[PDB]
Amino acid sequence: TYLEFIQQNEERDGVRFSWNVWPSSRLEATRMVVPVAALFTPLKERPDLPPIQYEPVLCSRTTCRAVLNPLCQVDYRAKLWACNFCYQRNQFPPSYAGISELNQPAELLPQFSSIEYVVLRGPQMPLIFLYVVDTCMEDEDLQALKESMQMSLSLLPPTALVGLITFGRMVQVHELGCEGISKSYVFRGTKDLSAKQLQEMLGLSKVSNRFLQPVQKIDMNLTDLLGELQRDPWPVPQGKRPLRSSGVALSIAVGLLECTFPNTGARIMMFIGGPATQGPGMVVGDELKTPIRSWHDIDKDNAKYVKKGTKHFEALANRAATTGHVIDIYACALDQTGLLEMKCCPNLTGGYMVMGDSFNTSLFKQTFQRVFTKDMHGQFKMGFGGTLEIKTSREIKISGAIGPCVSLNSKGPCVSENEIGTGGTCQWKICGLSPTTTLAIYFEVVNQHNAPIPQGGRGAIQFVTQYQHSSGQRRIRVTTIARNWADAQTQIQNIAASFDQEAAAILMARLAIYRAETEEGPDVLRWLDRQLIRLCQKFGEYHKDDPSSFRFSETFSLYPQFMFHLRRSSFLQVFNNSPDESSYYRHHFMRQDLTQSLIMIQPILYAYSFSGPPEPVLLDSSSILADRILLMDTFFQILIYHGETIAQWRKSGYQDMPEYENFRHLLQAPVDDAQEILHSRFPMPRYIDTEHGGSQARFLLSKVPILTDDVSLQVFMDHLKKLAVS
């Protein structure tokens, strides 16, 4: 079963392709509509695997350098192995001597396609956590934040260096450990500073400090300071917003680590309570009279900050990414904080983006502590300054990648001229990554001269991810995968069967959304639809000009429905959310694995009823019944909807009565499953408990030339069916 194949290969290699059988020619692949792409998770959970301790072993050819893997042929009685990527003959290292057909090195076992090595680098660095705190918020808020901060500080490894920077009208860089007096360096929150200027001003050398010190050495002091922290003194006049130098504080923090611990794992964590009002990075005026830019404002070109403000953060983002540091943004305010302009920082460095109404909410507190989740060995499930390299067989080339990363612009034979997303490279830097971090790598078939050697068997791709494990341990994660080549003029079938509609869907949504940012407007829906049609035309069963005859193999049948939900999703239809929300959703979707990605594109709706166990039901109004309870799970929120009948039974009180044991259960059933998700899911979803005619039914109802408009899946399928056949 292909479904087992898909599952098995994702569980083993944290990989998922659009096609699992590739076209031996560039032409037929071009007209295969969905490109040979893969959703790739470099640190996919895999406890069944030992971290085998030793160097990886690489091909001796300089331009190749692949990692010895199960695809390489081995001549034991001659201590040689042939690189499956460039055929180069290679010798084994001395310690391998014993190697034999029946007792071979792990890296060569299929079970170990995907294995982790333990580099003996040398500099065992401690993790660095830099808190960049905003102080312009109500005491309730700042107090909660202060508490959340203390909590994290207690989860940090004793060797981890911690640094504190607070800001408001001005920016303060706290010198910790400094006992008896407690001091700090203050800068105008009105003007920038280079990592140099700051190094000089704060009086630091070149390349622990008084600013970043041991957790097991500062604990007391820092927790005291954190606790004594009070909101920005400078009073705010009526009709005005606080003077918050968010943009400068970040710049000072980025620079602080740039001149102290460059090129090494570290999280710059900036918590904000409102928008930056005193540039650079300024996001909006200080006079309440003016509302923060909207999606309409920004389109009517009536957003005078957006461009400058974003230009600022982008620069910071690239510095930090280039210095190998992560930037997180925890924005909690009743109104926009400027995420849209700041998005590139957590988007480019593998950082987190967390939205909220206030830090004094379970929503936030919960989310923030999930950030410091420990693994089975009490180590953060964090990875730092990862470097991802991807080798391909000579018949394949790398178009580009889409997801949390930055290009290392490493040219080579594997890179393709025609680039997609972050392309022109075979190497990307992912400063911050987790077991969930997933990237989208687009490939391009090469063998252009149409009818050439189909021979060689399969094509292969290798993924090498080096990173600094939270443990301080340096590591290299290696994955090598191979899929069979096929002659499309004799195997269209064997190829079409390999389609992975779910993956394909997401992969395309990723390209569609990447464009949505790019200089491209609503021509997205346009291109997306054009493709859907082309796919139906090449892989659908049908007689020309006979819509009623159109039918899809069960291998494709859901692709159409996926697109249907994508094109009408908040991911491409921004105008119903704030520029900030829009950025927040896109941030998470371009990260997520195939599973979560799907829920994000097409919410799951389960129905509960006295008549049978909970069963997923169509994301249609038809699914909304009077005697049924619904649990709609988009990724960002969990909603429970009580149908009319059940709403009355519930407003009537039957639940308390001992006679209606079951009813009381029914009401609870969906609530219980929402509790699990409300812990398991990382960005903790917003919760909603509504019912027939509730003020919040809206949240459910709403979720339930151009190829079409805001219509129904049926109409959509109709207009679709007819265009596919002509």
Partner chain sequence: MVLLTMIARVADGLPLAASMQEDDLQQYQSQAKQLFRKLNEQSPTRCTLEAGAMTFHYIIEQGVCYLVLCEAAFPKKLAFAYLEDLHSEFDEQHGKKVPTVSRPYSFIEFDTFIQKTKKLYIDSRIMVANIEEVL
Second form
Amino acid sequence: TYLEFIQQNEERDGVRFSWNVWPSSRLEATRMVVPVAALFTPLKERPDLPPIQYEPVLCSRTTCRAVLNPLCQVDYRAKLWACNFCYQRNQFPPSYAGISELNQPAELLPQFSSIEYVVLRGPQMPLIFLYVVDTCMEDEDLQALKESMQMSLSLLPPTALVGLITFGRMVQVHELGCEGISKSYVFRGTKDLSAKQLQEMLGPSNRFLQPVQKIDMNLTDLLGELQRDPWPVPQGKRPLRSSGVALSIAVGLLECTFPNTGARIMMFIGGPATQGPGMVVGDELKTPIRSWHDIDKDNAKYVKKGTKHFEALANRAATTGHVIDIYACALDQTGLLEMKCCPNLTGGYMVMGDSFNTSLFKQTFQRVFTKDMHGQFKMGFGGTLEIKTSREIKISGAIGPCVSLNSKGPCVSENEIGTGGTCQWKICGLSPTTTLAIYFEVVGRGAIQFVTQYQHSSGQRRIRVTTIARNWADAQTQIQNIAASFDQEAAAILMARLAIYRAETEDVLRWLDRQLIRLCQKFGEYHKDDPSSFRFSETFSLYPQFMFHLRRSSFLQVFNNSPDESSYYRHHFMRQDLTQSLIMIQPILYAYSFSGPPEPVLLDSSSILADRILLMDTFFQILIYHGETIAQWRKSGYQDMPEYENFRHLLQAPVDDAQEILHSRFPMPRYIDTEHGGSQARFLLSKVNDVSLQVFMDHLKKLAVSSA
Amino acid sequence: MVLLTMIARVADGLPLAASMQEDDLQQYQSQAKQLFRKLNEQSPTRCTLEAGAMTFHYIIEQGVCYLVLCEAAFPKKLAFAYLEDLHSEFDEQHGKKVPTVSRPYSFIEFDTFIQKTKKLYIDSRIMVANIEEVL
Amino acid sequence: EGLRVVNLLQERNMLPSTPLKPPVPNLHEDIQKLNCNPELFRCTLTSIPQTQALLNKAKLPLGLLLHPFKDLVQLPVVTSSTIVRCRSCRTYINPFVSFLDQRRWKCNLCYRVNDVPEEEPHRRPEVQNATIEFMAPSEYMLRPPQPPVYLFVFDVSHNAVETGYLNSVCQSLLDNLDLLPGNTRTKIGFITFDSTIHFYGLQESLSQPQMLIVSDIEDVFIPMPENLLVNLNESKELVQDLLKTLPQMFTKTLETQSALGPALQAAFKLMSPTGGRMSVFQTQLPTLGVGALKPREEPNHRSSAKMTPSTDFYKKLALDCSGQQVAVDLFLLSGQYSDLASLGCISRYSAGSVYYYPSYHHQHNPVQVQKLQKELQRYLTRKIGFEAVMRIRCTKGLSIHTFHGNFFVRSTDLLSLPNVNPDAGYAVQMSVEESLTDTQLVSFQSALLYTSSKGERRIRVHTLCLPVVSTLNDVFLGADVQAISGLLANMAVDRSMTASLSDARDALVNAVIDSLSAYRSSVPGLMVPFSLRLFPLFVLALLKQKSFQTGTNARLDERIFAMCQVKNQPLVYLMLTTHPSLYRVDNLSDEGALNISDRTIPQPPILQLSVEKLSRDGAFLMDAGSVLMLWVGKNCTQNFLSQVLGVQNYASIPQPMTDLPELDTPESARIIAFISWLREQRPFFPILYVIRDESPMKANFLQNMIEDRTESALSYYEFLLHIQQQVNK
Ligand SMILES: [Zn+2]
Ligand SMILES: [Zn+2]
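I've shown you the form deposited without the partner chain. Could you give me the structure of the form solved in complex with the partner chain?
Zooming out: every chain and molecule, the one shown earlier first.
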């Protein structure tokens, strides 16, 4: 089954292609409506694969150097293996002198396509965690924040190095365990510093970055004694917050102390930066922070210069191999639009909320440090991703959390998409859910090898190798075999990645439509000029619907959202795996009522019954809706009566299923309990339903059966 | 929405206590001493003067005037609440000795309370007349 | 007394055995009994020349020397609801005015007649006391009385750490925290510095003090708005903990560079709002940031006379502090050249002072350790005045043209004194701008307007009255030799900075020659009036002092410091330093002041400064004002060794001997009573050290024998021979 194939391959190799059968001719390659692309999860978890403490074994043809894989033709007699990428024949390294047929190296069994190696030769560098904290916020929020930080400190590895930087009007770089005093270096938040400058003004581990085991007690006390920015805030003014400079100093500090080694710069902000570089809004309360509307009518004088400042910091950090996290909680906007690149370019996180003093933030924050079956963090640092393809395959680029190493070669395409012009990318921070989109081009069995070198949370350097192969289309059945290998879900997401990438770097809908229509005409079924005749196989029938929801989503229709919310939504969409991505675009909906157990139902107004309870899973929100009738039976009180122990199983069935997923998901989703009449019902109402899908479909058919 | 606070005996305008911090004071300090000099038993016991970008706020209790200067923007409502806090404290502490002293600023030490009260107002977290007139 | 003439070549033993007493102006009995105490205000010529021509003939400088804020025993304080001043020149009604219409008084300074306000008028305190203090009315203050503010700035570089000075200073502060002048408004703060500037936040809410470090040397700023200058009363405990911690925070420091200039700028910014006293402790040449100074090679006995600042940074900074009522006291405890000629400016123009401790070291220099100890003690406890100004007025006809001392002269001669301390001296030079043919008496009045440590605006006034004479002989008869020497020293320091050391030394010698010559032309050997019999001796002393000596091995900062002292000290101490009192003390007895109820107090005779007066058979005490050295002869008596030193023989007299022991002997009681009396005559407890053996290599006791000859300077006799050759050339 084509479905079993798609499933088993994503499970084993953490990969999903828009097409599982590729064009064997130039006349087809160029006429591909949806590009051959893959959604790749370099660190996907699976059934405990045995880590290979090896010397991976590389091909001996200078240019190639691919890793020995299951696609390689071996010869246990001649102690030789022929590379599958360049046909170069190799001699087996000494440590393999005794490998036999009835006992061969794991990297050759088709089961271990996608395998991990550990490279042990040089002492491991400790992890580094630098807390960068805003102190311009209400006491309840600050106290809550201080507690979350102290907690995270109790989870760090003994050897990890930690540093603390606090800010408000001035920026303070604390020197921990300085004894009998507690000193820091204060800088004006008014002007930026390079790193050379910083290095000079300030002076393994430094005075500013010490091992947790030696410094933890002192830092806990310091974190506990932190107080509000001392500078008063006059009437009608926002406090002066130097977020831009605080971040440049954090980046600069690590750049001149530990460049090129895993590190985490965690910034906690409680309001917009109000004193550039990086300024997002003035200090007059009477003037609101920019809205999308304000941006479109050129009434946001800070956006561009502010965006420029953070983009530079992002690239400085990403270049030095450091990760930047932004935890932003405030009642008003915080400037995530201008700072997005830091967490987007580096694989850092973006957490948004209303206050640090909520369960939402506290739980999301502690999820950050979730550990595995060995007591180790589920994070990887300084990841280098290199892709090797058959001479017939080229790479247009990638879309997701990464930066280009701008390394050239024959695999690089002229038609670049996203971060292109390279066959190597750097991902400063990644996890088991991190997902990149790789767009390919054809210029049987084509092969692609993904090699990911990263620093494990334990300190070990690791190399993840996933080698995959897909059949070349048979010449006497090209489009027929190709069509059968379509992965509509994967393709819908890959196309959505491109569209969102173009919008966040400016009509994109028109491009989306032209491609939708083209796909309908090439793989559909119909009689010219007869809309009613149009049909799609089981392989393509859901694509139109996914497209409908995507173009109406908050990912493309930004107004009705604050610029910060929009940036948050996209940030998470550009890193997520297939399952979660689909949910973001088209929320799953479950119905609950006495008449049968919970069931999935169409995202339509027709599913909103009065005697039923609905659960909507937006990746960002889990919402429970109580229909008018059940709202009454519930306002009435029948729930308590011992007579209605049934009305209880009902009222809590959705609450039960919510909890489960309301925990596995990293950014903990916001939970909402509303009903017919409630104001929060609006969330379900706007996700439900040109106009409706029926009208959208008719138009698509009217254009599918007409002129090409 | 900043500072300058002066407390003085109405009769002669004798200064009793005050507080100021710059890092001009010169001009507005004269105007304040001008007011005190003009004030007498027939003066309004609660008033607000407008001096351009600035605004004076004062109250008279037991022959003691409590004046304050600040940017016109500063909430008039808070300026008087500020004056009331000073009054009750001052009258309670020295209210009965005021009519006997003769040296300027004989209660300079009241300097402390003034400033520890001033900060609780300059941190967000009656009659009107152009002062130029009265003078 | 006597109107006699002395032949300096035949006397040679003219220094009197008892302390020299200031001249008594030739004034009517009633007027003189009301005159100002000479220790507070005196003139170089008690008989003022009627004309500039007469003044120029005498060839003697006309000027005033004052110690206006001196600690007094009894001070009249007038709280007058109104202050009586002349409607013309604003002079304070004083004892020397002239009451006529008994309801109208004539001003002794501008002659205008004033109306005595309805508030025996000549019986009022203002007319019976030459020295008096008035309470200042509301109009004598530009702002509410400022509270006392003490900011301590400490060098903590490697060298400073090595000297160990911080420990004693912090210890002296802790002990005297309750003695610092001020009421509940007192504020205190701290800053340390090396290549960076360190502020200290102090909050009761926090577990310990915070060190806020500004590393941006080219653009200093105040890191926090509150808690740097904290209320001492409220935060006593927090300040005490800090003083106990500081001396231990920089033990293992490697900082060799000192950014003094930037630290002073930050200290300034911190104090700018209120004003106050900044106490800076520096141990080396500043080399980082603005105000950095270049190294210099120390001279040697060889180099001739070939002083001034290397930059104006500190002068400009001192002027800024002055406008904000900030005074800067400099404590330099350097072992190597630190360019004091440039650093000193910070104190000169802000009315602060400089304290110097050459080669200070907690272990190596037990003498400088105790000196600093006792000097800090005085410094932290003496009275203080804030945001003050001083004006000096003199009768119409007389004009002040030059001011000497630590302050900044504003327009229409206003002496700006950010701080006014009781140990500072000032001097003024005047001239007769209009012949005094009219009057027969002239007055001088200094008014010191300041804010006390209790927040009260005060005005201290001193008035001096002197007679006017028209003959050369009368000018000489009233000459005050000590006062003249003091004003000449001040004039010579300016000349050194203006021309050169050579030109300064020459003008000193010419003032003596020119004056005796003028005398001679109006009367074989060297003849001089009685009043000037000591003039050549004191000038020679001045020429051999550390400020003006030539052929010696004195180091650069030493000379500058001695010049700073000439400019900032009161006449009395300038004389003790220039011409130390020498007494024989191994045979004291009862010709003393055994009047002090239960104490006797020996009064040994003052000896002239010559090794010809010493003796290997006795012990000699030298009182240099700031220190008391006790030289012991090699062949001293056994009684003195055991009964006074508490030793059995010369050989066992401890090398550095920081003071005498108090033994149960009548001999010990006598010498200790004598010394106690000497140090009771002043406020700065002078340290004593017998270390002066005949081989301790600290016999700098000899450098004070200004009468003997040296390889690079004349003896007293040679100097006289030289003057005589010039007098009758
Ligand atoms: Zn190969
Ligand atoms: Zn007059």
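Think of the rigid core as the biggest set of C-alphas that the two forms share within 1.5 Å after superposition. Positions refer to the first chain, counted from 1.
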Once the rigid core is lined up, just say which one of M600, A488, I165, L226 has a C-alpha that travels 2 Å or more between these two forms.
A488
Per-residue Cα shift, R121, between these two forms [Å; core superposed]
4.1
Inter-form CA displacement between these two forms at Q104 - rigid core frame, Å:
1.1
Mind pulling the C-alpha shift for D48 between these two forms, with the rigid core superposed, in Å?
2.4
